[PDB]
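Removed from the display is one protein chain of the complex; every other protein chain stays in position.
Chain IDs A and B follow the sequence of writing; residue 1 opens each chain.
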Amino acid sequence: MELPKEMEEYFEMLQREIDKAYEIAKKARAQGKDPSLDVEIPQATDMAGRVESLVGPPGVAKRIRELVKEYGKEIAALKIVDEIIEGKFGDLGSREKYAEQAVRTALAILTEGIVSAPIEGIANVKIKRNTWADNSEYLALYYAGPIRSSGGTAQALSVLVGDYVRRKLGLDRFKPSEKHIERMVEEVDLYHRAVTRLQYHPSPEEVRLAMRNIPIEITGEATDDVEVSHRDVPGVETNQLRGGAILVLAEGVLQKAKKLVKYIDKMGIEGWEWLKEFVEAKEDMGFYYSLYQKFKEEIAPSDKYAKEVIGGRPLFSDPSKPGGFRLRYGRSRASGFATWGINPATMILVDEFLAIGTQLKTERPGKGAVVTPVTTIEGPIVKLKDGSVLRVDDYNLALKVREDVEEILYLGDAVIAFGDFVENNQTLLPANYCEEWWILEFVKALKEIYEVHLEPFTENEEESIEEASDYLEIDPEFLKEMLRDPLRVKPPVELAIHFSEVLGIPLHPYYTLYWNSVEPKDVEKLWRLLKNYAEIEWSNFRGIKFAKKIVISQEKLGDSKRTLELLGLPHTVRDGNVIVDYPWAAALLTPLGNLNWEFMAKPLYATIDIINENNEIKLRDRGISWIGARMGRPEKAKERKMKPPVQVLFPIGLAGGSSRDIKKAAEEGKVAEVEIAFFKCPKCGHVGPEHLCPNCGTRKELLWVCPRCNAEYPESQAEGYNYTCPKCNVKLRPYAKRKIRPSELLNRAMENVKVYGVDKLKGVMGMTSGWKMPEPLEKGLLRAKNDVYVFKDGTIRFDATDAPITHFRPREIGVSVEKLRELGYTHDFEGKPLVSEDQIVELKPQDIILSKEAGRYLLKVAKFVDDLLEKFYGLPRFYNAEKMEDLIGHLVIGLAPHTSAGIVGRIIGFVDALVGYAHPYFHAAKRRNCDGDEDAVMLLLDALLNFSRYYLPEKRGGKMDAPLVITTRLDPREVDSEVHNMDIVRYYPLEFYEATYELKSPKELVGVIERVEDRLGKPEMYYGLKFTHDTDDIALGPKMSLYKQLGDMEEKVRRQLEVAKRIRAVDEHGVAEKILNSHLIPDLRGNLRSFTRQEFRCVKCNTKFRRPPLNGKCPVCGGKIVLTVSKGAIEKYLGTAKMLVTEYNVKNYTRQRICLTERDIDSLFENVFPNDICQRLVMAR
Amino acid sequence: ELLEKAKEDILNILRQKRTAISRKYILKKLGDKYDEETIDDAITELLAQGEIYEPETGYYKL
Partner (left out) sequence: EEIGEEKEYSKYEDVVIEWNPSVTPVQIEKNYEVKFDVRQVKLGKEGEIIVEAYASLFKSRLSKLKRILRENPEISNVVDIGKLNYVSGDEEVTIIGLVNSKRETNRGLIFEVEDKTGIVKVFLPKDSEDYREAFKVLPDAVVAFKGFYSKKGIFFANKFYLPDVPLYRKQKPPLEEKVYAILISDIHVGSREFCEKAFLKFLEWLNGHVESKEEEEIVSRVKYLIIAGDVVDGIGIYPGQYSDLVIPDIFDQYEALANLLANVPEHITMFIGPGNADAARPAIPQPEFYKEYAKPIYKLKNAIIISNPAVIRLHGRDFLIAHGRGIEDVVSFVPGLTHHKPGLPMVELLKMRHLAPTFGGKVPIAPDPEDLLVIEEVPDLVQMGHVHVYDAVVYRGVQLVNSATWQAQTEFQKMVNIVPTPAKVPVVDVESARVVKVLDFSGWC
């Protein structure tokens, strides 16, 4: 392969910077003040290295690299398993060890070594006997909690790997009894009913079919404390729920059966026929009148997204209702992975409930999405309080006319890519008529009539432009500008009519009204009124006649005014008349022939069909496909703190209070008894919790204790004794319960780093790691001074929502061209040299764009790192940052909460939104989607200096969300599978739009539109991607959602209902009922039910009593006893419920329920202490 | 004679196109066979008799 010498240089520069950071990290770590004498984050460049460094076995990288090129990705796993069992990698011992190692390695290879399933999801592998039927050996797999967040596709492959391993080792099947199957059914049903709603709910027949054919056992430890009826089942050691096993069996082999059967047939495994069988068994009249019928029969509305409504989260459009979101096939610069494109104008007019990064609950393509501004598509159409109608297509007009808006007749447009349709396998909804379809028809007509060749969206030859201009009698500059930006440059209405009457193409979509949104009888009445009582000013362009003004009195118009509103026609009301202005009178009167042929209603016909039957200029359906959506989970750009904030990993016990303040304990001179580890100096004999001797200056050795005789042994003698007490023959431990004096330690640290002005220093109550090695207090002092926080492994993290980006302009991120050339950028995406800030530059795979809050936090982190290097380690400073613009060109690590591997990035700019912009490959490398997910970023040097494997929790799940290995190069072939469906074409062709009306599956035209998968393997997968829609700015619009500015629920519901009232495509009475059914009534009923079974708690102590003490005081403290659930908790949502009942048309069931709830609350507290809806209800009946 | 042959050819050109064609196109295509004056006279006579009409100035349709 021949790379353009640019990608190789890019990767070489990245490696140079990584080595530069590692040099100082290694020089600092070798002084001896830290748990290890070397850096604890190994670096790898491909999947083989990650698999070797995560689960082993040693020497697997070479074999993996050979076999992947020889056979492929899938079969190399089987070959590695075969080699492992044969003993080519050493002697492991028992067969359980071989089985466990083989399963872990195979799963790591198949999952590409990123998801933490092989390390933490699988707990044990054991060989068991069928003691109930035949006493034959069978293989069992044990699962843990972390498997519940490992993805559906990773749970299913574990069963396949276990089956292959048990087949290879020479074992028998797992033969269960009826009690086992009944227990599994009961467990699944109980889990769904009690703890969490499963994403896929299988029927008991499916569960029995699955349990009767799986050759391995799927068990695990108890995760939830919910008892099950069936008990004492042989071979199962617990009587509580086993969440991991049931979630695997429900969301793997069942939910993802198609992927599993694909893998099975590709690999060649035998014995999985039942899954294949289950998969295969589970699966006179006008033109537009018939298309609507076929559309409804083949695609039906879905209301799964609107089932639940939370107060403060409005509903924007009803399922498949005109007036909602229009559908436009395309991909913007900053959308496409799972992200929608939305005009900023409709963000404002919905009371700013939508900001950049807000998640939507979509209906048609998938389940969720993220919003990103696109300023080229259309915006809302509004009706003012004086009767005027406007089209809002820009930010400023929306900012100006917001206060005068009475109704939102149309929301606007949504840009959804074709790759989403391919990924989710959704039938193609018929396409609306837009600019690019029209421009393709235009160029095709020119080619067919005058033999002139032109190409949209590019630069054409001058001779062809001149010839076309001569044949069309227009300015060549206008043609050149229209053919390269057909979405921002539009012709006047007379030119559109001329094009339609000369070339034969339909009318321009900009001047086409929503003709199919009204019935033909209304148009007939409007025609009669316009013919009878209207004044029209006519004009002339070249022979052609077009209207210029319409003035008709309001009394004669009558109810026909609603037809104009439903047609989306701008007009004004003044002095008792309605006036239609220049560009829209022609749009209204040209499709009707300037009142030269009479409009008559005809059965089995639509408005556009009647227009096209008798007219010279034809039309197309501007609006035929609509999509609904709902709000959920606003954007996040905050920091990351432990539940009580922590700044040092030093145990303090209860000597610091609730806040766990070490400084407070030092001030009072308290003595704390905590569980900690000590070190011993070889020469002087000092004992303490530090690593370097305060007197000698040498490194100390760990002390091992015996829990019975309490004898101390250094590390050397412990290794000599094989970590066992000679007198007791018991296992030694590295920690013991000891008493420490915080004052002396704090004073020593303060004198060590010359930091004195600290008011608070927060630690932890007790350590979770097995070693229980504490952190130096100087790091905590510096962290407190610089106001930064710490995580469970010693690193500092920042969490933000992720959004895609492929192309950018230097002016959006505040970076000059000179800095870009210093970074390495030299050309734009069309090949021209980089000289201006307005050009568009393609983005490199590992370059990221941060937010401004991220910059503000990382500036503090950089100051902390510099202070640490200067004072604690005695080394030169590294960052030297005074403003956040000084971090441009440095490195970070990206991580996801369910992974054990990170990826290195570079900072090139900042934006003003609350999202994290990066290349789609970057997010795919974290096994992540751009539909409302949040990831983490941390500075590289901080991670290298401060991360340690000794601080990690001992329990399963402690290695999740930790940088165990980081990747330095990005390869699209080993990132994820969703990004392989992303379309990278400049513009969709005519075949797509023509095949859209036939309701074809997206798999029938994958060869027409180029995708990422077609470039895999070749050097062209790193550069050359394209986009369909442009955007002026990627951070234009509101930044914070309105949901964060509201505290009370009454205000939330009031604003939500106002938004529902404003929008035509939302029925406010339906919203009022859903709120009561889903958020308000359940809370009131639950609180009223829990008030009479509550507990009582003392204030001084925290003892819980199941019934009140008789004397009214705590038996021990003597303090006051308070309630747990109060009267204020059963009445907070009652006024809002009464208002909903009294102002909105809800059903009688809900009214009576709320009235009885009010009566019940009034009645319970009886012995302790004319216009209303309840009184009218009880008086009417 | 030449006019009789030319009108049929112009009718043939406009027939297959099935839409309005600019005068420059017919002038360039029929220019080699016939001089400009004869083409203009033929267009005027065809308009006078009436089988074609002129929607926009300079564009001719059946």
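Just so it is clear, a contact is a pair of C-beta atoms (placed from the backbone, for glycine too) under 8 Å apart; a residue touches a chain by one contact, two chains touch by 3 or more.
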Which visible chains touch the chain that is not shown? A
For the chain that's not shown, point to the residue among A:1115, A:1118, A:1119 or A:1135 touching it. A:1115
For the chain left out of this view, which of A:65, A:636 or A:1127 touches it? A:1127
Kindly note down the residues of chain A that lie in touch with the hidden chain. 1073, 1077, 1081, 1085, 1088-1089, 1092-1096, 1106-1112, 1115, 1121-1123, 1126-1128, 1147-1150, 1152-1153, 1156, 1159-1160, 1163-1165, 1167-1169, 1178, 1181
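By our rule, only the chains that are shown with their structure count from here on.
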Using mean C-alpha positions as chain centres, tell me how far chain A is from chain B in Å, no decimals. 65
Residues of chain B that touch chain A when the two form their complex: 17, 19-22, 24-25, 54-59
As the complex stands, chain A meets chain B at residues 449-450, 470-471, 473, 498, 501-504, 542-544
